[PDB]
Structure formats: structure tokens, C-alpha cells
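The chain below stands alone, shown as C-alpha cells; this is the form deposited without its partner chain.
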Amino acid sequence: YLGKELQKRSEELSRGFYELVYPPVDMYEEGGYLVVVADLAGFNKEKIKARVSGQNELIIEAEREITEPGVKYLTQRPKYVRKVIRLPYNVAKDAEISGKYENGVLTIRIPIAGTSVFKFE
């Protein structure tokens, strides 16, 4: 079935672009924190990862399953997404990079070194 292999070729061609640019991202500083807000709709919370590369590069990663029947007309939605962000400051070592995922929107609060510790024993 060449038409099968074909469809696939066209899929990752069409989804290709969006796995590149997506997700759109906002970043700003408030309360002494570096906040990161990204439209990442329809993902499993457990299939979303992120880390800081040497104090300076936040890497966000997400994978999902996309399986739909026949007569595929449009296949834009990304399956794999990998966003690399340059951080304006150096993250507080022993970081507490918290994150909330609701309404498809991923929010990531990042402790700028020298602000707020928490929780002892």
C-alpha cells in the first residue's frame, strides 16, 4: 500500500511546521520570578517535560497520541514539540521550578536567584 506510506509522508510534512514553531510562548518577570506561559493544548500532563540548561536554557518537551480514522484532510497538530528558551537570568540553584497545566495552557514559574525558599523538615 503505497497510498499508506504516502499519507504518512504528507502527515509529517503538514504537522512538520507546527512541531517546529509551536508552542507560542510568553515570558516575563514578576514578584522576583521568571514566568513562562505557553499555549500547549491537549496534552497528557505526564507527557510534558522541562529543565534548565546550565542556569540559562529552559527546555520544554511534549508528546501525545494522535489517531484519527480515514479521509484525513488536514493534519497540522503537532505530535512532538520541543521549545528552547533563553533565560534572562541565572536560576536559583536548588531550584523550585513549579508548573500548572490547565485549559491547555502551560504556566511555569521560575525562581530568579535570591528571592524565596520554603519548607524545612
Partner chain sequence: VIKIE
The other form holds:
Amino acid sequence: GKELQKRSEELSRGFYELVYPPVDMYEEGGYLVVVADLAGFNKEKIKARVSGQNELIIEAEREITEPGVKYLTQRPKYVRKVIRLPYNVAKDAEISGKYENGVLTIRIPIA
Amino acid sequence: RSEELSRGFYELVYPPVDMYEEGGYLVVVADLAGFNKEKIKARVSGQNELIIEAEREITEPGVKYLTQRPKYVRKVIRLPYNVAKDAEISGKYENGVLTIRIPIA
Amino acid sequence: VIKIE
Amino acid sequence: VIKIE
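Please show me the structure of the same protein in the form deposited with its partner chain bound, now that we have looked at it in the form deposited without its partner chain.
All chains and molecules follow, beginning with the one already shown.
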């Protein structure tokens, strides 16, 4: 909040590492759907799990090597977003996950 | 913990951009996931400004609890080298990443 | 860990 | 102006 007054150069990977990825969460068809903008990761590095009964944890790691003169560095190397779900997830719940066009879509059965 | 920011907040900082110079090129990289390639409009304007604009339809039937992903994107990038007006600029979009390589003269 | 397809 | 391939 009100880091909006900074200019783009002053916003670092660290800032985006706090707030990324942006997320949409909705229910349709007796399914909890969590949609995330997580561009540019390897799907075998994206680690999502529900800890407890309430918390989706989205973790992801990527290597960023940009040789030359730096000017802007905003894209996160690491991500660790914690989202509290409005639904109790069964331990044996069959959760699907897809990574397409940089978007992670997680479907959680509730009904 | 779980503090959810407004969509309007993300709107003002989306997307994250890396800009750097190597091998005579200004390489601009932006995490811009979930957009149609034909709806991403990027261009260098007046020798020193790279403008990235995108629009997308967000269709999510049902009940929303959290909404942070922006529908509109607009980011003006201060450009260091006042690049040439004439050269061929590359533009790729894969895995949600928009990579733009601008030649310097 | 959720299987990302 | 820039073609996004």
C-alpha cells in the first residue's frame, strides 16, 4: 500500500516476491477454483499443497540470468503465496492443477 | 499469512518488468500471463518510450471471493538508449512471458 | 504436492 | 507496431 508512489526502477524482485502471483478465487460447479498469473516457471518447479484444511500454499522457483547492464529488475525468482480457502479440504481430496499460458489453475472439489 | 490486495492495486504494478542491455540489444522481459497474443499491443513511441498494452476477457462463472488479476494492462517503460527509430524489434510470447528485444543505435 | 498437469 | 510472434 502506497508503495505506489515509488517509481518503477525502485520496485524490486523483493516487492513482487511479497505480492505475487495475483490470484482469483471462485466457486463454480461445486469446485473451488484458484487462478494465478505465474508466468515463466517450469511446471516441475511449481509446488502447490493444501496445508491444514484451509490453506493453499503456492510455491515456485526459477533461475533468472540476465547478463549485461541492469536497468529494471522486478520479476520474482521465488514465490510463496499463502491463501486461506473458504472451504474445508478433505485430506483425500483429488486436486487437479494445470499450467498453461503462464496461468496456474487449481480445481478443488467441495461439492 | 493472508492479506489480500485489491485488483486495483495490482493494476498499478502489473506486470513485473526486467530491462537490461546485452550484445547491443535492450531486452525487455515481462511476466504477462493469461493473455491473447493478438491482444497484446507493444510499441516504442518517440524514440525513448516502450509502451506495453494488453486487454483480456476474464470469464469466471460462479461466486467470487478473491479477484486480483487485472483485465487491462498499461506500462510505460523509460528507455535508456533512445533506440533507433528504424530497426527491427523482436517480440515473442511464450509461457506467459513477453520478451521484446530492441536494437540500439 | 498437487500434480500440475 | 511491434509484431508479437
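Take the two forms, find the largest set of C-alpha atoms that superpose within 1.5 Å, and that set is the rigid core. Numbering follows the first chain given and starts at 1. Residues that one form lacks are left out of the comparison.
- Comparing the forms between these two forms, the C-alpha position of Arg9 differs by 2 angstroms or more, with the core used for superposition.
- On the core-superposed pair, the CA position of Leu34 changes by 0.2 Å between these two forms.
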